[PDB]
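Okay, so here's the structure we're looking at.
Note that this complex is displayed minus one protein chain, with the remaining chains in position.
Order of writing sets the chain letters: A, B and C. Residues in each chain are counted from 1.
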């Protein structure tokens, strides 16, 4: 009755080599009718027991999967932009430390997450700032970065410092001129040491079409340089790595990375290239997203 | 959830809305009544119901008519508040200013906003409309460039109003002041600036607060414009400003500035200045002498000052 | 105008003397019917305004009322038997959640109240960087285990993903020599050392009126508790007793007690008492008059008793 030693060797090929019961019967020359008897009776006590978890969390599993694959400090999987909004907001709430400098980008995504921050009763002693200039009309007002920065600060009962320059100027001499000003200096100065960043992700693939933004001439040229996505108007390729660069007021990615948490929030297969690039580039080290697009990134 | 407070609230309507007698109400509700007096009493003390008696209804009104008469204002409101704490004087004007503003707008209007403590209160107290009037909100001045708290920023104010008004809004992405003229000249060229200025040319109503030299607010002139420039201002005998346009105490009237011209502010059906002070009198007065404002929203003391 | 003085003068008597129209009409010698015309008007023209606050929050109000009356930094009144200790538990927990700052030292007491509040703290994913400790010794069998202070201290710490430091001495020893011997030990020194600088305390309130398992009779035994009634003791906290006027009452088990003194409890930023039931009114009052607690979590019912 110590044929047990076999039940280990048998369930061995059954649950690891998965050679079927007709495959197990013939290779070790055993009656396929005796191949079936060993496994089952054992289940009475040890002799190999399998456990199945009833309360399992798919989303949670996907988060760990994302963290593993991309080396993210954290991730959250959830007009389901609102679901992202709520859980992202929680991630951001949990992450804040007194004395932090949070930076903000623009758009439906970041707004979604700010719209869901918790109203606080005392100052959280953090400081909100924009990490990019104004849309220059290119965005609706409720999506303006300053609106979002100010809105956040209001939920967080916190200091805020709005930017009075555009993200994109007509020529380098105007932009560098602006960079010389004590106000730009002051703003960037917070950039140079921001703790948490909170960011949307652009791609070539809605009103915020790179076409409608920088205008065809320029976007057709972005496609030429193999640009996967952009962040804060700083562009990267699919492996994570520009005519308007000499004309852009925004945080340099280099500085974005020194940031304890750089939390990207995005969704949709249309933005996979951008999301990927952003991940490969380490420009973001946290990801808020939906279930669907999370699976795309794991494949 | 709450106690029989609903019943209390209801009897509040009877006695206060319909001015019915306690006895009549009691018979109607089959309530023993004494219970009624008790409830009426409670509703009042627990701030379920709050009654307010404008004691100054008469003098404020008279003062409004004099201001109209002396300066030929289209409209004028004089708020007064016994609590002499300043943030309270502002709420006084804010509430009333807002009402004035609510009833003055007309479908299709372009509202322009300036910055500051005052314009802000007016906005804070705007009636939260349930349906869009089809109005549009715009800054009539570039950004503070860090010189003002965020809750006082011009965009903040514009956008915030738009919310109450269910109006679309258009935020400005340039500063109110530039260190150099070249940059200012270059910026005027941009399509964006052209679009925002495009609205200034057709502005229908304006909420505008008034600055003066005497201000000791952090929003001081030596603070905003810095030492040297403040002298050149007092050196030219300047009484005050609106959207950083300067004028003397008689109304009479920059290559770095990005804001609406007074020319355009005057073309406005209603230019509404809102201010209080006495250290602002110099500037309020100059604003009236120049008809840079049709309407004036202000408190009792300031009005007293402007009448003698 | 002129009838404007009267509208006021009438509104004054209707709303400030809560006189009846019949009365107003009478004193003044006005036809009762114009007294009514004049009220109708007074409101129509905004000389008189009547706000009925539809989204009124009774509990909310009671909280402010308690804060005002007793100078509390905060207070929470809740509503729903034990099912109502649970309402307290949930909202208290929120108060405590909102109040925590990184680097805080939370101290805990014992009993159904505190457990309830802790049972409802939010499970955290990272360490809140706070430290949980007991501010009292063990029950020495006098309490069920799920109410033991260490259980509660440890439980809290587990919800808060936080440091915790359990106490290995009893709250009450047979004679002073033992008690001071214990006080000489490095472990007692260490524990108390946290007491000497605890940020948030979280505490239940004892009283004589109680006849649940935690009867002072059962705990200290008759001889002792009869003598507490003699010294006019209203309540207790962490086995430190006070009178109805919040006066401390040295009690004779005083020299046999391992627990935080209250000089020390008070140095504490937030000392949050959590209690309810008219049977404990004396204790809650004393605790409030004594300033031993500066926050109150409680139910609606007992909140009303405290404003009476």
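We adopt the following convention: a residue touches a chain if its C-beta (ideal position, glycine included) is under 8 Å from a C-beta of that chain, and two chains touch if they have at least 3 such contacts.
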Answer for the absent chain's shown contacts is A, C
Contacting the left-out chain: of C:61, C:70, C:108 or C:169, that is C:169
In the whole complex, of C:137, C:235 or C:283, the residue touching the missing chain would be C:137
The one residue from C:51, C:60, C:177 or C:307 touching the chain left out of view is C:177
Omitted-chain footprint on subunit C covers residues 137-141, 145, 148, 150-151, 154, 157, 164-166, 168-170, 173-175, 177-178, 181-182, 184-187, 190
Omitted-chain footprint on subunit A covers residues 2, 4-5, 7-8, 11-12, 15-16, 40, 46-54, 56-59, 61
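In this section, only the chains that are shown with their structure count from here on.
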Multi-partner residues in subunit C (2 or more other chains touched) are none
